[PDB]
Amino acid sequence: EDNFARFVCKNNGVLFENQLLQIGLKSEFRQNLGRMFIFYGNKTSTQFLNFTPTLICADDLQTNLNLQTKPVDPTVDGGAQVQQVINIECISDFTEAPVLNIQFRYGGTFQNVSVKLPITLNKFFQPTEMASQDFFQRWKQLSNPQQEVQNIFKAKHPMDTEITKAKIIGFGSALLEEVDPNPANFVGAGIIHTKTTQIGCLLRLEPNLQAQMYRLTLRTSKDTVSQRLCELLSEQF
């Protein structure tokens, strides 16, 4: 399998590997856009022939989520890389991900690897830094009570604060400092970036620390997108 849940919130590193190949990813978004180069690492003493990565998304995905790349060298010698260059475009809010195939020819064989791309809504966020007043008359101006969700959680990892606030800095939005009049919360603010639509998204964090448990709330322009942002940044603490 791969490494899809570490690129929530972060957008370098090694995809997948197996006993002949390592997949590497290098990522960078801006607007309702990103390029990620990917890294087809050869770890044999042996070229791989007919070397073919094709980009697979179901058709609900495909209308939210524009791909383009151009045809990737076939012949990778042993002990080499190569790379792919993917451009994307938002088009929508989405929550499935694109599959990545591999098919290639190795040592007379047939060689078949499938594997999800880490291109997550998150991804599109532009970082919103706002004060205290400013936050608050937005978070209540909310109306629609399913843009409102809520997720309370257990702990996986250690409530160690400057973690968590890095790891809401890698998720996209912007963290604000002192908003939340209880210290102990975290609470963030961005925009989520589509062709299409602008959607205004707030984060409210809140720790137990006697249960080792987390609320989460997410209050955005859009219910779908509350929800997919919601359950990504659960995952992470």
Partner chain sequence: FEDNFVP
Given for the second form:
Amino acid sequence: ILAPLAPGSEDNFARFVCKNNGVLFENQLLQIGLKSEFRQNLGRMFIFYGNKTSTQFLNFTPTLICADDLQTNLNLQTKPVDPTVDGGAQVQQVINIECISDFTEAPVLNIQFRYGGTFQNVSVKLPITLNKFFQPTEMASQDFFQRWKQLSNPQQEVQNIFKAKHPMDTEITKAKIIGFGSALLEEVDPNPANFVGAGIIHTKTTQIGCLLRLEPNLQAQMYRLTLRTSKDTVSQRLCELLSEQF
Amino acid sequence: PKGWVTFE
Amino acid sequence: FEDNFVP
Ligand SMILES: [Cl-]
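Same protein, different form: I have the form deposited without the partner chain, so give me the form deposited with the partner chain bound.
What follows is the whole complex; the chain from before opens it.
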């Protein structure tokens, strides 16, 4: 059997969208940390498992679980991890990642082990997301507007309106957009309060050009985000990921 | 534990 | 752009 997603899985997942390093999961027994890097359609993720106790974990078994569609879109390769984890020890695995095509689902990391006479079972969403393959595209205003207008089919645009989770801090917002994988294009939207971005999603089989506009209303503490891309599922996925960052 | 990779 | 979030 598999544990349901741990409390805070979704909140924490959201912290690994625009950055690669952090603690993915921690309770009284176990700390799971991540460090990753991506280039083009590839990635390398280190997953670290720390035994916070003085007792060995036995039959320690981390498994990367991917839905059928996800497996066709995203190749994850990793090696056996030794099933014994000494008390106070930190062990690790390397996950080599290859994006074959655009994808919407996330892998689930399930960890099971014996701890003394107990059985432990933890499930968390693993932050391998489409924007990890999103790389910035610098371009002039004129070219941006040309490209924006070429993506005028209704299904190519996805929008969200949401309450700011964080202070609407101009410099941090810029940094988050860059961390998402977008270029930050200055003086495109004539309103200097707004943010405009462009990038390309790199997959083995295809590349997708994506444009975005983020419009803050500081008085109202809300944003409107617009994505345009040539693929409806890509517009949806990037819009929903990026929406949770501000 | 000291000895562990950290994530700050 | 076609319209603006903030009038
Ligand atoms: Cl998918």
